[PDB]
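Asker: Here are the chains, one letter per residue:
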Amino acid sequence: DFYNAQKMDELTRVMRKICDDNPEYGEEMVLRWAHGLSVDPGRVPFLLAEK
Amino acid sequence: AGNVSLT
Amino acid sequence: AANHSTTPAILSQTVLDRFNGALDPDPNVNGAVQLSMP
Amino acid sequence: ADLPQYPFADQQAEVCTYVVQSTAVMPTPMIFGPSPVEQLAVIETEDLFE
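Residue numbers (the authors' numbering), protein chains in the order written: chain W, 257 to 307; chain V, 250 to 256; chain B, 155 to 192; chain F, 461 to 510.
A few of these clues could be false.
[Unchecked claim] Ranges of calculated distance between the beta carbons of each label pair, as one might list FRET restraints:
#1 B:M191 - F:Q499: 24 to 30 Å
#2 F:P487 - B:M191: 46 to 52 Å
#3 W:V270 - B:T160: 37 to 43 Å
Treat the hints as calculated values from the structure; they're not laboratory data. Note that CB positions come from ideal geometry on N, CA and C, so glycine has one too.
When you get a sec, could you build the whole thing from the sequences and use the hints?
Answerer: Right under this line is the structure:
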């Protein structure tokens, strides 16, 4: 302990970006990411253009 | 039940 | 699904994002390590 | 102390209107600090870090 931690600090920060870079599936893909699972792609919307 | 804390 | 009217606009930058703050820091980052003391 | 502004319609009114734009870039010896993070509800609610 403090050796299993000091990467938990590193490991929780990468967990923050996977649920932030993809706001949809957020707070659930991190759950699946830890176990090595993936979300179904077709449900989510996506953006076409911005002006 | 205590902890030296990491900081 | 019950909305039936136009919605308000969306900000281009939140206050927290502007100052890169956080409402509640996590307890794991710079966190606590268990101590044995029986 | 009192300068009458004859050509303007109102002598005592603030005749001018100004808009300023000051931009300063200041290298500093200040330290600042790291940004914080947000609470995650997947670790405490599932015990990922068991």
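Asker: Next step is simple, just say for each hint if it's right about the structure.
Answerer: Hints versus structure:
no.: 1; hint: B:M191 - F:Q499: 24 to 30 Å; in the structure: holds (28 Å)
no.: 2; hint: F:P487 - B:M191: 46 to 52 Å; in the structure: holds (49 Å)
no.: 3; hint: W:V270 - B:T160: 37 to 43 Å; in the structure: holds (39 Å)
Comparing the model with each numbered hint stated earlier shows that all of them hold.
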